[PDB]
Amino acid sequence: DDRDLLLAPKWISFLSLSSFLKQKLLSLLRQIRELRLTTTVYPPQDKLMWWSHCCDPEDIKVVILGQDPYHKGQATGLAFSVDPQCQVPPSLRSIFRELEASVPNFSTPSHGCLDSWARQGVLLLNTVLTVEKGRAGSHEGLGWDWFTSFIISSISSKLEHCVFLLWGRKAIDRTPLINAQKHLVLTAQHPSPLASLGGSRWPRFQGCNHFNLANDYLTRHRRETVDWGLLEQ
């Protein structure tokens, strides 16, 4: 039943999943519900699809990929976003600092809630949506990959002139799914300081200027821009 897919209806309609894929997602969600009876899993179950409630698919301007959720209780259902009760972790402090140095109307806030981005059409999507407490990458694998890859392809297939910010080796591995004739892809090193630089090669996060370039791209295709400085507590 569509109730237990946890996705907002405008997304269910936009994704147009088959019966097979809806049953496979329901089994995955039911598997996770049973995992919670032995282990703490972030984020909460009713936040797994939190991104799909903050804006509709037609509102998406920029797609930012995460890895897995934070694993210390600060994950909110949005990639990189922080519960106002927890400290801003190294990744987001590094994002704010690139913004502080490049975008005029940005001032670094004292919090890390990025709900204001999500409403404006910034899709903050973890590539794997659950994580066990205190064990990063514990749910990396084929459990979530088919599902988050399906979302990215649906955004590339059905939308036009969006911006994909790919930071790090795992997000950059999703490059083939994006039609770069319809969409802008911008790649960089992961924002967490001293992250890998390739091995096989990508530019540095510091000075990548991805947020201005995203808006330059949307402006040139006559779409509304993202105001990164708008971050409400």
Given for the second form:
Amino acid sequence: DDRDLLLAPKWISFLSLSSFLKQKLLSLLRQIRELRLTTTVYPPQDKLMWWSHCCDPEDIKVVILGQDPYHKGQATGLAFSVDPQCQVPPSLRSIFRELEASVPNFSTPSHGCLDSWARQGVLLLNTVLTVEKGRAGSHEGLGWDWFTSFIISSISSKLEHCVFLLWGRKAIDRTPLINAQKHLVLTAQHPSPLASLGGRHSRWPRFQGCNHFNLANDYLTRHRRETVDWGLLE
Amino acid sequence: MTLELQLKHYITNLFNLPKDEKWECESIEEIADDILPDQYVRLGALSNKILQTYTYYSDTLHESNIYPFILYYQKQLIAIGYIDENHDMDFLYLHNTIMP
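What's the form deposited with the partner chain bound like, now that we've got the form solved without the partner chain?
Time for the whole complex; same chain goes first.
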């Protein structure tokens, strides 16, 4: 019965959801199926928990929060990532450029598939796991927030010495869920080009030059954990 | 869709880009304080308010270093424009702004 949660086995063990929360997640999945019957929902069912199949909770090193999936078919189940056939979207392009500028060995890839990051323990978790085709934020009220917040809280409380990369107001809203005494929380503006302009009044550092990836690797090494090879993108 | 096609028409004519090229869209929610000019955010009562942003991208848009965008505040159209080659925000439309 637990396999209906679509999560990998070790993830089901790690989260250790109560019967009530398991039923809540199953009801949400049935809602998604009933919506798929009449509308297109991104990503596919087998991709909602793609992050759980790309790596186990014991391998989590860096947690990068997204918002809702791409609403025009680019979504893969991971945050920011796109299929190897699709163009690199602007936010992911800015992420790749910051990597190019800050990491020496890194070279910008020709695609935006981040499955290699996910296999290394980079959790690219959207805070809302589904979206209706062509309608951004259409699933804001479905009820994905409790589940993704539960994942973040479980990583915070049951794991130690992870790095959380919170970009933009929506991702930073999840700061209270993370124990900043057990984990490193790096905060910056959203990587979108719309937030990179001068003459604004942001409260967080600019994304270009935030150096979050090198800082995350430094934190991981300082706590005797393997670093993330950000350059593996092909 | 109609506003997207208007933005596409305007940009492709303004920068002499291919009219038939397919545009894709990335949508991101962010507070107006990080997106729009400072004094505009203050005078427009947009401080600490979430904007639904739409950024459009393509091959020629990438080669031109241009990011066309449309900004909404809930159901209110806020801005239509583009980030130019010099990383500046140029506005086709800005709410309650003449000649932005």
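Only residues modelled in both forms are compared. Positions refer to the first chain, counted from 1. The term rigid core refers to the maximal set of C-alpha atoms that superpose within 1.5 Å between the two forms.
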Once the rigid core is overlaid, which residue runs, three or more long, move by 2 Å or more at each CA between these two forms? 194-199
